[PDB]
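Take these sequences, add in the hints, and give me the full structure.
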Amino acid sequence: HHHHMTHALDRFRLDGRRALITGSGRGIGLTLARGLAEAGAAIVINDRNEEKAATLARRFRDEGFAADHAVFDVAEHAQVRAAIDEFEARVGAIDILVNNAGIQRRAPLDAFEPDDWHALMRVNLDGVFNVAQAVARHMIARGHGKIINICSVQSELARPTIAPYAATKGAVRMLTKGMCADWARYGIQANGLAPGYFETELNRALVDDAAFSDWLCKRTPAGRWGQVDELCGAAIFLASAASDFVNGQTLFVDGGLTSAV
Amino acid sequence: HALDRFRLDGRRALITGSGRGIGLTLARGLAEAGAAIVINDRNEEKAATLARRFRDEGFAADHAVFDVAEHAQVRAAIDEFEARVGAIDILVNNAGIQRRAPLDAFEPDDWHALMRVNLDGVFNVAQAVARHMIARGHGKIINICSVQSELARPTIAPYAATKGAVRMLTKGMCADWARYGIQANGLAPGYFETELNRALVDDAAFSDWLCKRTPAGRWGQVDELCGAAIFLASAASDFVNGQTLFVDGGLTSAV
Amino acid sequence: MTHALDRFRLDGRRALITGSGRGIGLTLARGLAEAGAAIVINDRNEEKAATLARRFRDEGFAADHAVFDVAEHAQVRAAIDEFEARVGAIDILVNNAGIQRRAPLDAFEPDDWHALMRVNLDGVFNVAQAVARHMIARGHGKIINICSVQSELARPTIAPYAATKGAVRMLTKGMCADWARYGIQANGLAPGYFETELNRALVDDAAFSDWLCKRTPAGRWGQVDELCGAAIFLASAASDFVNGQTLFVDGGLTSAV
Amino acid sequence: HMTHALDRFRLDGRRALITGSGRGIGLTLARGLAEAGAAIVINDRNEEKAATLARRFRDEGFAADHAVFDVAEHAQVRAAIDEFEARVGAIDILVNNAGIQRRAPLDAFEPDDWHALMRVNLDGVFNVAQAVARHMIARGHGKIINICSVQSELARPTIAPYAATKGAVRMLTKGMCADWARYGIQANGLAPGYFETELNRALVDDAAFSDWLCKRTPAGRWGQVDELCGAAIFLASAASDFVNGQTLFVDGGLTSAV
Ligand SMILES: NC(=O)c1ccc[n+]([C@@H]2O[C@H](COP(=O)([O-])OP(=O)(O)OC[C@H]3O[C@@H](n4cnc5c(N)ncnc54)[C@H](OP(=O)(O)O)[C@@H]3O)[C@@H](O)[C@H]2O)c1
Ligand SMILES: NC(=O)c1ccc[n+]([C@@H]2O[C@H](COP(=O)([O-])OP(=O)(O)OC[C@H]3O[C@@H](n4cnc5c(N)ncnc54)[C@H](OP(=O)(O)O)[C@@H]3O)[C@@H](O)[C@H]2O)c1
Ligand SMILES: NC(=O)c1ccc[n+]([C@@H]2O[C@H](COP(=O)([O-])OP(=O)(O)OC[C@H]3O[C@@H](n4cnc5c(N)ncnc54)[C@H](OP(=O)(O)O)[C@@H]3O)[C@@H](O)[C@H]2O)c1
Ligand SMILES: NC(=O)c1ccc[n+]([C@@H]2O[C@H](COP(=O)([O-])OP(=O)(O)OC[C@H]3O[C@@H](n4cnc5c(N)ncnc54)[C@H](OP(=O)(O)O)[C@@H]3O)[C@@H](O)[C@H]2O)c1
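Residue numbers (my numbering), protein chains in the order written: chain A, 1 to 261; chain P, 1001 to 1255; chain L, 2001 to 2257; chain Y, 3001 to 3258.
Hints were generated in silico from the structure; no laboratory data involved.
By construction, the Cβ of each residue, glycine as well, lies at the ideal position given by its N, Cα and C atoms.
Any given hint could be a false lead.
[Unchecked claim] Here are the simulated distance ranges between beta carbons:
id, chain 1, residue 1, chain 2, residue 2, range
1, P, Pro1102, Y, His3001, 36 to 42 angstroms
2, A, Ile103, Y, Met3002, 30 to 36 angstroms
3, A, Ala141, P, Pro1102, 31 to 37 angstroms
4, A, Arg59, Y, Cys3214, 55 to 61 angstroms
5, P, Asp1208, Y, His3001, 52 to 58 angstroms
6, Y, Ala3075, A, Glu76, 20 to 26 angstroms
7, Y, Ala3075, P, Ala1205, 56 to 62 angstroms
8, L, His2003, A, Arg26, 56 to 62 angstroms
9, L, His2003, P, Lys1212, 39 to 45 angstroms
[What the hints assert, rightly or not] Beyond 12 angstroms from chain A on every Cβ pair, some chain P residues (computed):
id, residue
10, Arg1075
11, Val1085
12, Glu1107
13, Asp1110
14, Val1117
15, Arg1136
16, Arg1153
17, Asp1176
18, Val1201
19, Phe1206
20, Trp1209
21, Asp1238
Take a look at the structure:
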């Protein structure tokens, strides 16, 4: 007689949406690209290397996903705009942007090399502006879009030797609020996704350091490293209609680290 | 099967103060995601009849009667429910009240009433349920916060104190209970048309101010809170702990 | 040519410090008196408060006392109104009285929950409301609410205390929202870790101290005199455009993982 | 008593460098710090402006010198700081004040304006803090005060890139604390609300903005620049020796309220 229905849960589906993930040739970006595709999105692989991005997109199509690619260095403003505009003209609309590309360089701030400072600013901060601006012109024209900026625990709490990275991630957290202030009126939700400590290549030296890992497990209420699949749920949520009234916020996925001494 | 990340099959959610308002909306949303739900009201006939209407709509639904402000009464009702109906795996601490006046004019009875419902009540129900969640080694606790967990508005300083308290109490639940497989998080709504906010909805000047103050340019609609609640109740948020997620159309991110 | 520095002087101002019979409150009372304030010692014990005020006077300070339990709303209001009329205006309020009770939240006794709420949260409301009525009417006043690291970051076994201190941090913003228009600056002062009787169990535990020193960028416990500068600043004209804020004095603890 | 209490805040025997102190908040803070007893160093990109101001402070009875550099030029800053330390002496207090503002909706924002903001407001803080901190760390004491903004916390339309720079500076401040508190450095932020300087000329001249601001601010008014001196002296003095990694907002209540 009765029929159980699922309206509030169905709003998590991404069917009919296209997501571009910057730096999705490997790492968290590739993990999130697959998670968003599984949730129904067409995806766009981004890498600086054309052959790599095109081949990865083809492997997604072999698995039945809708996938394409867009080649650019996020730090190159004009190059990014040309690639985004060409993709919109030839392929179609980008409805979700995940600003994932990023790098890490560790040293005490008094010894930090200026070239390392500059490289971090170009990728982690200039890059987020370059791709968001280029995509947002098209989202504004359509009156809807999602922008998800990958942040960090260092958007809130500092650690020794990574002061420049923390500067870039505090910048992205505020740039996210600024995207909301300028674009919420056009139906765009711009939010931050801040992972805690995840076992990945960016952090391999930390994972392999027994002293650091012992400290991290005591420091984190959850008592462990995160694993990258644990970010997919948050990314899907922020990309979906289920979060249409979430805007300007940064969601920390860190096992409780930022909530505790 | 990507939606499976967010499904609540086999879990039961209790929503305090779910006879009307946001609590009723969240109960429906969690049930649609697959949870069995528990209606809470201080009036047994109202709670039980609402649960019956959920069951008529194909949802698994029961009820539990208590005033969240009464510590021993809550514990007795939660323990009785756990023994007679079954495990509560998700707790939404939603019951709350509002009383507005400049702080220099605030009546101590109103101060006390806000503290009892919005702050004691979160402790009373969370402690009673968490004893059982700890024994099972898993649970979700979602505490309903507010914009006033972060930004103050004139005439609601005592409410803001309760919602700042609940935001920190949420971090404290994580600190004590993450080791037992419990994730405790806050969900802070912006502005929604419920009876809590009747005076604001009916004030054209306030509504005009709110639409300019909110980047999204409008009031929220209560169903826009279900996604965040389902996320924080599901395995999709198992590595989210001690956080408060604001669902406010951008209000707290902007001047 | 010292204008900007004379903005820290408190001459001509009177400061009430709740719970100033011992601990941080007594330290802050002395610090404010040294900066020129007349001070009011508060304790629940009439003889203790009277003795402390007399000894401050013996050292050349202007001091009086006002006896009340911060948790008792009517008793606080009566004592504040009586003092305002008999002795004179209170221009600075330091809401310092507070308690701590530690236990895992699932075992927390409701009597201990209630005690923490009554002192740490009701108490701040009770004294702030009573004093602010007078300050608002005069058009000037400073309210300084003593917060904690637990206004922002939790620690196991002190979730109820954290609730009270998160409440006080937001109540501070609400005081600003209602009262800044009347010339009141209401701000929070959040100490990090200090060796008072509040924290005796922590001071006495070398493993806790080892954790704290490694957790704190400054690498040490604070010393209670290191709180006086912040209190004088927030009590003085030097902070007339600071409002609704909570200043953490914690050696960097809350800024770091 | 009074000597003991004011002693907390006195800056006698200390030297403060204020970047971009040719005008605006930086010049006001330079005067406030000198009034509290500090020897001061005026910084401007133009030698004749910095030299003239430093002489004017000396004519008024203050100890004052000048150091010319563009905060955005890493190697130039390093050479200028090291030369000042070698020839004149220790810099004990650094106020990273130099900054600019460029306003446009983000989708129309010019890359040249984005880059200008990053170079001054973010690179510049790194460039001068690194150069000075090397000396402070070696001595085992120092104060760094980074000028932030309401936009270190709350966004406003048309200034998203500036907000990015000020969120960056707020976190960089925490990073300075994490790396250098162990060496006796206190690094903190001072975030002004709204003040009538040339930075904000377009806002002062916009009656609708001013109307909005006075309603938005619990204090109900613009700040006056002298209201920032107290916070700067506090963060430069012994009174703040256990304050580290924090950003103090001086904004009349703005960031605390809806
Ligand atoms: N625990 C964590 O790992 C963690 C925690 C918090 C935040 N995050 C953030 O998560 C994001 C992804 O990090 P990850 O851990 O996946 O690091 P990763 O394994 O090192 O991957 C970084 C990705 O960014 C790409 N990339 C770098 N510079 C680029 C540029 N100029 N243009 C285009 N793509 C570029 C890389 O491509 P190439 O192969 O060409 O190098 C790679 O695909 C970053 O923003 C990082 O800050 C990570
Ligand atoms: N825009 C918004 O509405 C908004 C924004 C931010 C936060 N919130 C929060 O959302 C929650 C729900 O509020 P609402 O807007 O839905 O308000 P509402 O329509 O007034 O509903 C409040 C609910 O709580 C119940 N309740 C009150 N005191 C209770 C007690 N002692 N024991 C048990 N139940 C009790 C009420 O039951 P009765 O029918 O018996 O009165 C009612 O079901 C509250 O925590 C509120 O602070 C709301
Ligand atoms: N590291 C720290 O010590 C630390 C850190 C952060 C925040 N704090 C805060 O700093 C404040 C002072 O704490 P403390 O460290 O100085 O603690 P303490 O040594 O235990 O002193 C607490 C003071 O409050 C008084 N008090 C307690 N309940 C009272 C009541 N009902 N009415 C009036 N006075 C009452 C006590 O008087 P009796 O002698 O009658 O008990 C005593 O003078 C508290 O708000 C505390 O939360 C302390
Ligand atoms: N309400 C406010 O005014 C307000 C609010 C919040 C934060 N702030 C911050 O306060 C600081 C001072 O701003 P303000 O209001 O005083 O602005 P202002 O009147 O425009 O002054 C800015 C100062 O920085 C200097 N400067 C700019 N770029 C420089 C560079 N590359 N190298 C060296 N000096 C440089 C300027 O020198 P020139 O004379 O050569 O241009 C000028 O002396 C900035 O960091 C600003 O973001 C201001």
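Quick rundown of the hints versus the structure:
| no. | hint | verdict |
| --- | --- | --- |
| 1 | P/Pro1102 to Y/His3001: 36 to 42 angstroms | 38 angstroms, holds |
| 2 | A/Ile103 to Y/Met3002: 30 to 36 angstroms | 54 angstroms, violated |
| 3 | A/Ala141 to P/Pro1102: 31 to 37 angstroms | 47 angstroms, violated |
| 4 | A/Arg59 to Y/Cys3214: 55 to 61 angstroms | 59 angstroms, holds |
| 5 | P/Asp1208 to Y/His3001: 52 to 58 angstroms | 54 angstroms, holds |
| 6 | Y/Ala3075 to A/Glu76: 20 to 26 angstroms | 25 angstroms, holds |
| 7 | Y/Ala3075 to P/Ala1205: 56 to 62 angstroms | 57 angstroms, holds |
| 8 | L/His2003 to A/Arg26: 56 to 62 angstroms | 60 angstroms, holds |
| 9 | L/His2003 to P/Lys1212: 39 to 45 angstroms | 40 angstroms, holds |
| 10 | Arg1075 | 25 angstroms, holds |
| 11 | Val1085 | 19 angstroms, holds |
| 12 | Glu1107 | 34 angstroms, holds |
| 13 | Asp1110 | 30 angstroms, holds |
| 14 | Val1117 | 24 angstroms, holds |
| 15 | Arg1136 | 17 angstroms, holds |
| 16 | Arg1153 | 18 angstroms, holds |
| 17 | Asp1176 | 9 angstroms, violated |
| 18 | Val1201 | 17 angstroms, holds |
| 19 | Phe1206 | 19 angstroms, holds |
| 20 | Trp1209 | 16 angstroms, holds |
| 21 | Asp1238 | 6 angstroms, violated |
The structure shown violates the earlier hints numbered 2, 3, 17 and 21.
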